[PDB]
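One chain comes next, on its own, written as structure tokens: the form deposited in one PDB entry.
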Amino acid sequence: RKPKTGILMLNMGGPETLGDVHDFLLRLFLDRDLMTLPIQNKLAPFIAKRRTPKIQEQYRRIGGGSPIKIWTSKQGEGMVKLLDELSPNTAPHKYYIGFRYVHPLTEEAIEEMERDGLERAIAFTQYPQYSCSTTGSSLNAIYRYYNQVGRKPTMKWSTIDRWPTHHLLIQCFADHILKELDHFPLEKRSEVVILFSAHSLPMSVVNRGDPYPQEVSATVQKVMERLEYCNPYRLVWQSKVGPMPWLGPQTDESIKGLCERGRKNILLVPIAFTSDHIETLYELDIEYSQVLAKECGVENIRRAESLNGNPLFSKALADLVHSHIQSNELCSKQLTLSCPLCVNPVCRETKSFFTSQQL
């Protein structure tokens, strides 16, 4: 059969090889849903060119690019196999990858879904916790697509716009933490600090009402509850860019501080981005990790595995899509409230786009 139900898997994407870095950065610095700059169209190319070498080097340090496309396909394949059996009524299901900044682009994916003549189309964010900078931008792209092409959808749209506490998602994290705890010496396991490390946001964005920090905090609590509070934890924030204030404590400064304070065993947990991504200073820079161990005698810094290809993760994705279908919901209740200090007029347009959809 032709596909009946399209599942658009939304994420920012990542450069597949170091050659893909420039254009990735270009599209990112051009995203007005992410950031607004003066003379943006002139400034984005310059910033992209300027930061390309730094970012290529970071991707090189993690194997030569981002594996997001391959992992997202794997998960999409596994999700679709389960849905076809879970929801025969909406079968056949087809997943589509819609990346914000690399091919296949959100717009290229919408264009294919439309030509496929689907009956139903689900904007399924791959960020469990909603930020306007992440899911918001991806959702805004869907609206901006139809508005640029000056026409209306031929498919029935809905969105799964957040899922920070999904039970199978929580189960996956708790499982990966336990597996990584096993790699610490038995005599030290109970002493390990679990540092949940999510990507930071600028304080300007936190202060305008972005939902992300509170949702990330919920995921953390649910994971520790599942783990029966077996170890001590903190939620800290990684990878802040530039000189402006961002939400802290910063992951790097917290690893250093913890080691200076006698905590020699640290387990980093990627709580807010489900694929392998760029690592932190103490994980990557050997000059820095050398100094740390000399001064404070750090014993073990380890990072839990990314949800990547874990099949209980595909079960999570299918469970979410299946529940969404059964519920007949068009979006979360949370999507219907914009940030108290939102200054982007596209946000409410995108909201109405979803809440107003046929069905």
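Only residues modelled in both forms are compared. Rigid core (definition): largest C-alpha set, two forms, superposition within 1.5 Å. Numbering follows the first chain given and starts at 1. What changes on going to the form deposited in another entry:
- With the core held fixed by superposition, the comparison between the two forms singles out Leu284 as the only member of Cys230, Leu284, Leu105, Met203 whose CA moves by at least 2 angstroms.
- Taking the rigid core as fixed, one finds a CA shift for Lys333 smaller than 2 Å between the two forms.
- Annotation for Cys296: C-alpha shift of 2 angstroms or more between the two forms, rigid core superposed.
- After superposition on the rigid core, the sole stretch of at least three consecutive residues with Cα shifts of 2 Å or more between the two forms is 278 to 297.
For the form deposited in another entry instead of the form deposited in one PDB entry, what are the coordinates?
Just this one chain is shown here; partners and other molecules are left out.
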């Protein structure tokens, strides 16, 4: 039977093999939205060529590539399976992967969905907390696609642009935190400090009004309320790059600061991404937890397991789509408000693309 409802899972993605690193970076330094460089059409290929060696080396340290596609596919298969039983009126359901910087690209996914003659398409961001640099970029790509291809969508669109406090996402995080707490020696369990870590943002982005920090913060509170405030905590930020000011505290400085102040039992919790990637496997596990940890002498530092293939996460994904469908919403109320200091004209067009959908 023909696919009726399409679910486009959006993520920035990552290179599957070391050889995909160059093109991954090239597309990154070419995204007019997220970056502005003089004659960016010539600087990009150059910069990409320069950073490739260093980035390839990071992925080599974690096994040779990104596992995002593998986990995305599995979560997607589990979601569809549940949806066909949750919403028969919109079945059969089919998931598509739309990576912003690697294959399958957002554009390629859209072409395929259109080919499958779907009745409705749902842009489902895999980023629970909204950032104009992540979900916004992916949504802009959908608008730009149809605008460039000079055509109108043959299917009905709508978007699940954020879900920072979905009860099942919160339950998943809490469950992974609790089981990681069981791996610390029992005599130090209540002494453990929880560090929620999320990818940072340059202060120029935070200062224009990006929704991200406030939403990541909201996720942290829900998770801690569910854990009944069993351990003390702080929300810190990682992955800062360059000489410009980024939102802090920085995760690495915090780990080291805590140790120097007698808190040597730390639990790291990636609270802003749903699966393993360079941020957790390399940055946290290798850069920090190993080298940095082997410094100021930590007693125990562990990292909560990423959601990955957790069956309960697949249920969360399905419940979100199901609720989205019965709600008949086109996008969140939050998407109807661009950054108070937004200076990108595509943002407004993208918003209208969704709020203006037929039906």
